[PDB]
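> As a plain string of letters, each chain reads:
Number of protein chains: 2
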Amino acid sequence: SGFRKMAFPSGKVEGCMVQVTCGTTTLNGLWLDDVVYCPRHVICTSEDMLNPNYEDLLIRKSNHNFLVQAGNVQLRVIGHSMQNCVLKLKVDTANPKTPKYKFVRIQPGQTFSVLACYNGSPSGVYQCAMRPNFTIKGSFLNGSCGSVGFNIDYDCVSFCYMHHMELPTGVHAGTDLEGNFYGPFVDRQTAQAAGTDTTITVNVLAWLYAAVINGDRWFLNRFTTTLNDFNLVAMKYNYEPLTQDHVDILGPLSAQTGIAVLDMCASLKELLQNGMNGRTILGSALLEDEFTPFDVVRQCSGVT
Amino acid sequence: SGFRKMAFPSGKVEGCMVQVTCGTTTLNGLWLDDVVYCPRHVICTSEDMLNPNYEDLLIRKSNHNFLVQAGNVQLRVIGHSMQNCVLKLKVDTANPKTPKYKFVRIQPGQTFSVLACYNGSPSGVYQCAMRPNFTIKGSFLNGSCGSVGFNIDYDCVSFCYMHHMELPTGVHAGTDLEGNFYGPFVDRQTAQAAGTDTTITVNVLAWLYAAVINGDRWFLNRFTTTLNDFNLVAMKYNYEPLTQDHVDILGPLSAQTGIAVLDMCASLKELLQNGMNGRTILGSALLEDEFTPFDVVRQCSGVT
Ligand SMILES: *[C@](O)(C(N)=O)[C@H](CC1CCC1)NC(=O)[C@@H]1[C@@H]2[C@H](CN1C(=O)[C@@H](NC(=O)NC(C)(C)C)C(C)(C)C)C2(C)C
Ligand SMILES: *[C@](O)(C(N)=O)[C@H](CC1CCC1)NC(=O)[C@@H]1[C@@H]2[C@H](CN1C(=O)[C@@H](NC(=O)NC(C)(C)C)C(C)(C)C)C2(C)C
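Chain order of the listed sequences is L and Z. The opening position of the first sequence corresponds to residue 3264 in full-length UniProt numbering, with each subsequent residue numbered one higher. The opening position of the second sequence corresponds to residue 3264 in full-length UniProt numbering, with each subsequent residue numbered one higher.
Chain L extracted, bound-state conformation:
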């Protein structure tokens, strides 16, 4: 029993983290086969970051300007390109610890593990959700850039996030491993707005199922509701509208609890309308939306 925010075990990603240095900027790189991936703003001075022309800045740089270090071992750069907002540094040495891997662009509301790194050394691992507004609420200090988000499928690491920048709330924006930002952000230090951020309704339901499975049932009331009716309560409380895809995704949890999704929506409506009256659900005094149905099924039926 018990329900915690759990990250994937990070070992397979630890073996891929390197330090990348150009001028005095140091950040983290991801070393897979004979290619090191990092944020392209590694080539910028503090001044450059205000309005950088990355093509012109990159042109001043040659292979030998890029100090790539794996532990206490210097890799030799034999090629450099920019793909969108990532630098790819081609090295002579394939990473002998390269796991089976893929690059995936994750969808809003999906979760991933972050291996927060400094100077190419892993400090810590935690679980994050891609918010509907394509930010994450991470823990990222100066040095953390190029730290990566991932999922593990069997023995296969799916890399989905590289850390680039912090936005004015203490929220985080970054790219996929092809260097495409999640959201409207650009890698320039100028005014930029994250959208209004909605609650991942299907995640909150999954978490209420998690609460039921773990014996927290108090919020389970006498009522039911309709897709139309709940989705009207959702709109008012800045929750994302629930679809039949969502109802279908909740099937395994529904079937494990013998609680119809629409009953669970009725409980949710009453929590949104009445609040929680000083009580807790899985030790939280708030509705939690950073667990996918997948994460709940994984944790509550224990897959490796």
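Check each hint, because a few of them may be wrong.
As the list claims (entries may be wrong) - Among the chain L residues that face chain Z by a calculated CB cut under 7 angstroms, a handful are: (1) 3273; (2) 3381; (3) 3386; (4) 3401; (5) 3404.
Bear in mind the hints are in silico, worked out from the structure with no lab data behind them. Think of the CB as a built atom: it goes at the ideal place given N, C-alpha and C, for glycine as much as any other residue.
With chain L held as given, fit chain Z with the ligands onto it using these hints.
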């Protein structure tokens, strides 16, 4: 910026996890040098667990009754003993992936990372606190027994916890790596009470410092207080009494925020007396006590 419950990177511990099988019971073992450590109740049938005589039960067992598997590799057992509530299985093969390690007994209020494992395969990693009543609030399904808690100091893994049992709230009890339970618990399926559990006051203060460092300051009020005066508010709210050791431990955070500990206590008193009035601190609608000052300094000044 940002503040999250972060676990140590788990790679060094992943390489130590094995599967241990006796009769039809399977759980996790920790393989260090030529010794595999697991919970001794691996030798029990469901019936045995009610009132086991571990000495007599162990006597029915020989080296060959113990199926130790590292991935798809069977280790050969050349010795077995019981130390307190752990079995030590001596194997022919030293773990080639043995990290630099120590066994430590942690104190109440200290944190550690759990690598939750099933059939000797790591599923996930999360951060836990040894509660004042020597339980933990983990995520542990059938199969999780022998999963371990640890800290990483430099390159040195300090193992501090092995998972043994679940108590009636969905709370967890286990041993150090010498097989001594934390708390009054025994490895028998019979009525057992965890003490009343107090709040780790020094941890809550560390977390309020974390909140200030990250710009959440609203709870910072005009008042101050005394050690005696706050500790009287603490007693009433089931908080552990704050000592000068605690004030001294909060020094680095005090000095980083230029906020006197006793002012921060005054804010805490008002939160305990008035509650939070529907507001949040670092995205929590509750006072968080599972971060040590150490964890706050680590995260908020980024050590690897
Ligand atoms: C990483 O590059 C790193 N070296 O680790 C770094 C992390 C942050 C945490 C403080 C430094 N990211 C940046 O430096 C990033 C690079 C410049 C400016 N960056 C920012 O993150 C800035 N954010 C920002 O200007 N946000 C908007 C665009 C105004 C909303 C900081 C003000 C936090 C430095 C670029 C290219 C975006
Ligand atoms: C591990 O052994 C394992 N195989 O992974 C297991 C984990 C729990 C989660 C369901 C099984 N632990 C036990 O089986 C443990 C072994 C027996 C009974 N155990 C319990 O955890 C029981 N708790 C319990 O009886 N608690 C008290 C003592 C009544 C407060 C369960 C009821 C949860 C099975 C022993 C030796 C304690």
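> Each hint needs a verdict: does it hold in this structure or not?
Hints, verified against the model:
At its closest, the beta carbon of residue 3273 (chain L) sits 5 angstroms from a beta carbon of chain Z; the interface hint therefore holds under the 7 angstroms criterion. Because the closest C-beta pair between residue 3381 (chain L) and chain Z is about 5 angstroms apart, less than 7 angstroms, the hint holds. Using the Cβ-Cβ criterion of 7 angstroms, the hint placing residue 3386 (chain L) at the interface with chain Z is satisfied: the shortest such distance is roughly 5 angstroms. Satisfaction of the interface hint for residue 3401 (chain L) is found here, the shortest Cβ-Cβ separation to chain Z being roughly 5 angstroms, below the 7 angstroms cut-off.
Hint status for residue 3404 (chain L): holds, given a least beta-carbon distance of 4 angstroms to chain Z, under 7 angstroms.
This entry satisfies every hint, going by the numbered hints stated previously.
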